[PDB]
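The data below hold one chain only, encoded as C-alpha cells and taken in the form deposited without the partner chain.
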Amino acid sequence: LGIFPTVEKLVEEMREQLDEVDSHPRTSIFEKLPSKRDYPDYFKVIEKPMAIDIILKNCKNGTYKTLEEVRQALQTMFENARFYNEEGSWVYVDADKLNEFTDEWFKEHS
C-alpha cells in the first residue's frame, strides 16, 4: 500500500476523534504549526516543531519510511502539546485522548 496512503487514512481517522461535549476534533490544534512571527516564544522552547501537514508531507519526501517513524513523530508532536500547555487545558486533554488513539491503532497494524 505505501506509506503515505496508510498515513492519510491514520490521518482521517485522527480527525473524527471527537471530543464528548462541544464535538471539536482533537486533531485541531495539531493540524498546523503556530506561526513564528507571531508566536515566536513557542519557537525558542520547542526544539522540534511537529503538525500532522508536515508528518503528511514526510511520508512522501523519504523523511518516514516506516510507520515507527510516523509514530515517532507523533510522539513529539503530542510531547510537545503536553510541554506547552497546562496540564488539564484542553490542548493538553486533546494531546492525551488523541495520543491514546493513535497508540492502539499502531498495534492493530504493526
Contents of the next structure:
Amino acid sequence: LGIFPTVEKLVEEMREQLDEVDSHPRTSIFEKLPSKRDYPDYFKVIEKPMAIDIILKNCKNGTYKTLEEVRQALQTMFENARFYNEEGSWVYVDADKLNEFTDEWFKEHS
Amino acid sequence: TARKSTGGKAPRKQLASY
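Form solved in complex with the partner chain structure, per the form deposited without the partner chain context:
Below, the chain from earlier opens the complete complex, with every other chain and molecule after it.
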C-alpha cells in the first residue's frame, strides 16, 4: 500500500482540525477541486490544481510513493488557496491554519 | 473564520484581469 496508510492517518488528523466558531473541518474546501462551472477561471488561473482527494488517490495508485511528494502536493494546494482567495477570507484562513498543522506533522515524522 | 454561508470561495478581484 506504500505510503497510503500513513497519508490516510494524516488526512484524518487534518479533518479533526475544526473551526473554533462553526466547527467546520478546515479540510472542507480542500477535499476536491472547484467545479469548472462555478469557477470558470480557476483552471486558467491555477497552473497545478491539487486537492485532498487527488492526494489520496495518488498515494493509492503509486503516483506518490514518498512523504516528500505528499508534502510538495499539500504545499501547492495551500499556495493555490492563498493565491486565489482574499486574505482573511475563510478559505485563506483555513489554508494557513492547516498548513501550520501539517508543517508540525511533517517535522514530527521526519 | 466561519465558513461563508453558501460554502463558496472568495476569489480575489485582481484575478479578473489575469
